[PDB]
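> Okay, here's what each chain looks like letter by letter:
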Amino acid sequence: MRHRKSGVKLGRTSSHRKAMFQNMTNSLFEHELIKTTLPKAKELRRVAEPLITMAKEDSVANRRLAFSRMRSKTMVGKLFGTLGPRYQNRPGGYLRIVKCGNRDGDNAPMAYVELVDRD
Amino acid sequence: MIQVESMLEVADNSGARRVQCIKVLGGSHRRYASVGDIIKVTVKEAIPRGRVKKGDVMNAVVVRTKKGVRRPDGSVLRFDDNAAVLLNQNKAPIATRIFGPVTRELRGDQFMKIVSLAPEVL
Amino acid sequence: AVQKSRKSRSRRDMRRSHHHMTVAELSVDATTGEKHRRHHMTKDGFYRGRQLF
Amino acid sequence: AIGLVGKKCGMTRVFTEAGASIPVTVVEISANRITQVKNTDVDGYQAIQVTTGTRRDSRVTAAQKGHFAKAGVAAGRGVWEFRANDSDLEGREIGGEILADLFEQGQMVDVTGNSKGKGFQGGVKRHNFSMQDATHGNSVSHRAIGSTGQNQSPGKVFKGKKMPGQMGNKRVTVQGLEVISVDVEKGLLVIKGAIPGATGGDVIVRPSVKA
Amino acid sequence: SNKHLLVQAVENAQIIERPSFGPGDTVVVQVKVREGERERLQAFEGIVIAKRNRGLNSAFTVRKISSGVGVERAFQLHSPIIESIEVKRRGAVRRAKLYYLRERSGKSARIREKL
RNA sequence: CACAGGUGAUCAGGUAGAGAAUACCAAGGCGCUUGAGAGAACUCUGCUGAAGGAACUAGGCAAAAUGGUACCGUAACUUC
RNA sequence: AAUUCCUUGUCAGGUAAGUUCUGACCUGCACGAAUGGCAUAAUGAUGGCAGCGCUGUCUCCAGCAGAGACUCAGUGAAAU
RNA sequence: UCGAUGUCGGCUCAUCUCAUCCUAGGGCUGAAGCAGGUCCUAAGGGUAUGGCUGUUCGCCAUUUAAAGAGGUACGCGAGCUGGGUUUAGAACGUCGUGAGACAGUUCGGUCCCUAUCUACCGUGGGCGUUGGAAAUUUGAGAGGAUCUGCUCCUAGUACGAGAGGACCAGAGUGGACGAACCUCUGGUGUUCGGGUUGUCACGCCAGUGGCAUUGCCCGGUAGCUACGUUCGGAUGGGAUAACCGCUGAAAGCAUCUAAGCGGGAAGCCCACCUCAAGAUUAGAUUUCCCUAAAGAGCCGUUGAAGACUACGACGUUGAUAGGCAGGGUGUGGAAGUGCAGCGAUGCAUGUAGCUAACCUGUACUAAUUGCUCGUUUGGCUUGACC
Numbered sequence: 001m002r003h004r005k006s007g008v009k010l011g012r013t014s015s016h017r018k019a020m021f022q023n024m025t026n027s028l029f030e031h032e033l034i035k036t037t038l039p040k041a042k043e044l045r046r047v048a049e050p051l052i053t054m055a056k057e058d059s060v061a062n063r064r065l066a067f068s069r070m071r072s073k074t075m076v077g078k079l080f081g082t083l084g085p086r087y088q089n090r091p092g093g094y095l096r097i098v099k100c101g102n103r104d105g106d107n108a109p110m111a112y113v114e115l116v117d118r119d
Numbered sequence: 001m002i003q004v005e006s007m008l009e010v011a012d013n014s015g016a017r018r019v020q021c022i023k024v025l026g027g028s029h030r031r032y033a034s035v036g037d038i039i040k041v042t043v044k045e046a047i048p049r050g051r052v053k054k055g056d057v058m059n060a061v062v063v064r065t066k067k068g069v070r071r072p073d074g075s076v077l078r079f080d081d082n083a084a085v086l087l088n089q090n091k092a093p094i095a096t097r098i099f100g101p102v103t104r105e106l107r108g109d110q111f112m113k114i115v116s117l118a119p120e121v122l
Numbered sequence: 002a003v004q005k006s007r008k009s010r011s012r013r014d015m016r017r018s019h020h021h022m023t024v025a026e027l028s029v030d031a032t033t034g035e036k037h038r039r040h041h042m043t044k045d046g047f048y049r050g051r052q053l054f
Numbered sequence: 002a003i004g005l006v007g008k009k010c011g012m013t014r015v016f017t018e019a020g021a022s023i024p025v026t027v028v029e030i031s032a033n034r035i036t037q038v039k040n041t042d043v044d045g046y047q048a049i050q051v052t053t054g055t056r057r058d059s060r061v062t063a064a065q066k067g068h069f070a071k072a073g074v075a076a077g078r079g080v081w082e083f084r085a086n087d088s089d090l091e092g093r094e095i096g097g098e099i100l101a102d103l104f105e106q107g108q109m110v111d112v113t114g115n116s117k118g119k120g121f122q123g124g125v126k127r128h129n130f131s132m133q134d135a136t137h138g139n140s141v142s143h144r145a146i147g148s149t150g151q152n153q154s155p156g157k158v159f160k161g162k163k164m165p166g167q168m169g170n171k172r173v174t175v176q177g178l179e180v181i182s183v184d185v186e187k188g189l190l191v192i193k194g195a196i197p198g199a200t201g202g203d204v205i206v207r208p209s210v211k212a
Numbered sequence: 002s003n004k005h006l007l008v009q010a011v012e013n014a015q016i017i018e019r020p021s022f023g024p025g026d027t028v029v030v031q032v033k034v035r036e037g038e039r040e041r042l043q044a045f046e047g048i049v050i051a052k053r054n055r056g057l058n059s060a061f062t063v064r065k066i067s068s069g070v071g072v073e074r075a076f077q078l079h080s081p082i083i084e085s086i087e088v089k090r091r092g093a094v095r096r097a098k099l100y101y102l103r104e105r106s107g108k109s110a111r112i113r114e115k116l
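Just so you know, the sequences run in chain order A, B, C, D and E.
To convert, note that position 93 of the first sequence is 93 in full-length UniProt numbering; the numbers rise steadily by one, no gaps.
To convert, note that position 80 of the second sequence is 80 in full-length UniProt numbering; the numbers rise steadily by one, no gaps.
To convert, note that position 7 of the third sequence is 8 in full-length UniProt numbering; the numbers rise steadily by one, no gaps.
To convert, note that position 29 of the fourth sequence is 30 in full-length UniProt numbering; the numbers rise steadily by one, no gaps.
To convert, note that position 22 of the fifth sequence is 23 in full-length UniProt numbering; the numbers rise steadily by one, no gaps.
Misleading hints may appear alongside valid ones.
DSS-like mimics (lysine-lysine), calculated; alpha carbons at most 27 Å apart, straight line [stated by the list, open to error]:
id: 1; chain 1: D; residue 1: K193; chain 2: E; residue 2: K4
id: 2; chain 1: C; residue 1: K8; chain 2: D; residue 2: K193
id: 3; chain 1: A; residue 1: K42; chain 2: C; residue 2: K44
Bear in mind the hints are in silico, worked out from the structure with no lab data behind them.
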């Protein structure tokens, strides 16, 4: 059973999925629009939106938490310089997922993850 | 929870120091004996020239367990060892001194002297 | 592990009967007026009158 | 023998003045609106039909909407029925209310519910089959069912054989459960025991037949 | 909080005031004891190895050594058995759960005083 | 067979380390030619497990356990 | 007794309980001296028995992690 | 049956018989009572753990109400094991000149198959049920369950020379089994929080991250879970088994039987729990709709529901999921700074920082009134009403 359990497995180890979602969060914060698998997109919110929520307030400790959970200094700078200020007064829901058909190679359902507000 | 082939310390002055459970009494397929339950034990190590000798088969009552005993309020009361008290062929204590504390589950009629001889009753 | 007598063609077709191809639902975006799968964005990229790009 | 429909809110404990733990479950009791009274003449048997909770109009069909409007009650999240006799149909007319004061403190009740579904489960769990040896040469039969029949005679598996199946998510009735407390104003009933099902599910509370 | 609001309403009445205390500090607890027709209070003094806070269901475990063998009891904070609790001595522990003390017997078991 | 097998010699970086063991890295090279989901029984490989501790079993099979350096100390027997 | 059929021979030890194990007796079905006799320190992935520690072997199984099983898309056997 | 029907034992899983081991009801007794012995009725449930030995068996120890006798390919290896027997090696005793042999012994010695059909355990699709649909349901019938100890009281009474010690009634509390459940006690908790070893890296200090079984270690949220909690096995109805009768003739008597009327068991049928109209005999009730209607489905957000299904909830007339807000829980004192200390390190800012799945709210994000299926009053005969 998985009663009330959350999270994903996605056929990966714990460290592997953590690293993959860190990579996806960085790429999403960089390009503001990324094409990905639909489960991956739905799980990406749970790890990306909280970083924006924390970046709403700029401080050394908050920036160090962001760097601990992202491991890209350029992109921590971007998150605390543009996404935080842009998203200061928005209560959540910082990503919109737009389903975009099925993948050619394996027929995996696909979606577009777009940062709200001109991504 | 005491079952067959469980080592118990001896909590009285009967001369035995360690006993082994060979039968949990009071049921066709009874598994475990808690505090206040009667068991059959073999004496595995006794003091020299004591009342009881090594290898003797006799009765005992469990007086404290590491698993613990539950109370009506939902609390649990545990001990650091499993200890029982040796008994007669009529299931009466054969002890003049009780070592270590016991619980109030021994309250009744056949273990009242164990309760009264224990240094402390929880 | 194996058959004792070869399965018949009718019996084989009876199992196949349930297998069926899925047909995707179709909707037309008002702004762009193009066929697209239900709850899935258009080829062009116009979804519910919004610009993805 | 008429009962009531409630919602399981979860388990808690009640302390007695003597210092005794009473594990209880709290069932939310919205007023049960009588939607139909069944009788021997029209139906051939006697029963009370009730509705509880709330349902939005978009989810209430025209047939159910008319059925509710006949009684004059607001649509609930389901329609339930209780077998009743002449004594129990005494004062219960269509459109009436059944509250938690149907049950008084200290009496025995039977609670029916939909038990938590474990999905498709093996013999070891569902039927309490003994596990085979983990070691000593065991290959692929640690949790295997084992033998299911004898030989050519009979040469068939007998009906009712215990085998891996879906476990849970079935109607389960528990009897001889006391009622600790009743609150009409808050519409909540507190019942001793496990009260089968999960929290948030619908539970049927009836008087105990054994009494 | 974790429980439903209807359950919380019932729990609030059961809640009873009691001195707050921390982990790892020596405490004396008064426990009601029934000897038949008479009532008595028994004093249990020990270091608190472990504590769990669950609102009404809060429980703390007290460990004391009697006649060379330790005794552990998981007392219930809000139960009516516990007439009173007082803190004889206050100690500082790095971790809430002191499950290493069970192995410790004498000089090691002691906990440093907190000022 | 674009096969988890076999195939002699030669070169032998850094930090720990007795070490060509083991761990993480350098130069260099790779992610091993089906993927995406779900997270049922059951199978395989592993982790943890209250109390008991061989009661298992043909049998302590398997697992568990011990594990280094320095010092102290070490029995019967002995071909010393 | 790697040798004993009767046989689980008898006695003693070990266990609460020992067709196995140890010591002894000799009634050796059917030992016996280079197809070597009896012993023997050391050695042995050797046979048997008994202990400490240790534990999911077990009482009695529970939870968790990964690879399959299951669903979708591509490729596509087998014995019979 | 030799163009192959796998042996003994063990494990797992069972099913049936009664020539009944316990429980249940009786007759007789060399039945005073307690305990028994024999036989009759009764198969509803229950009917142990270990030492030895490959054992079935058997002996022994300790229990139990009891540790029943049997059939099922001496049930069960396309379910597991492989200790014995029954290959190939080696050795002892014995036999044979020898190769070799021994229901003599001893050490060692590859157990394959992805399930087509029947059967069984679950779960769906199709159509049917005299128009269609949304719900609620009656029950022909089927399955589950059926166990029992001990203590007290009656009463140390009846009985008995003593010893001992009740039937019938009543109360309590256990053992085994089963169901549900996670409030309590625990286990687990590889997207929680900390401590720490080696190494690499983030330009460096600091602070962090990768790998080394989750690197190791200490705790722990929800969920699941037992060893934890709650509950159940009914003391009721009907007809009976053995047995005991009332009245009563055949047979002036006697006689439970031939007519008639009774008592009587854990057994039979109900009662309890679950399923149940594919019960083609397809039932019943309340509503809704009929020139694509009422509804169903697809699709989307999804659930203590689930392999896929199905089921449950919701889709802007919204709290369905995620995020977010406030809490709760867990860990235990974040970073920065300052102070003390030569330093490791300690202290204050401050129970701080972080916190999965938990609780309550909140449309910020995603759930598009889009498409498909489904109609147009439901044949005929008879009868009552009209």
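> Now, for every hint given, state plainly whether the structure supports it.
To see whether the hints hold, each was checked on the structure:
no.	hint	in the structure
1	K193/D - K4/E	holds (17 Å)
2	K8/C - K193/D	violated (59 Å)
3	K42/A - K44/C	holds (22 Å)
Consistency note: the structure conflicts with earlier hint 2 alone.
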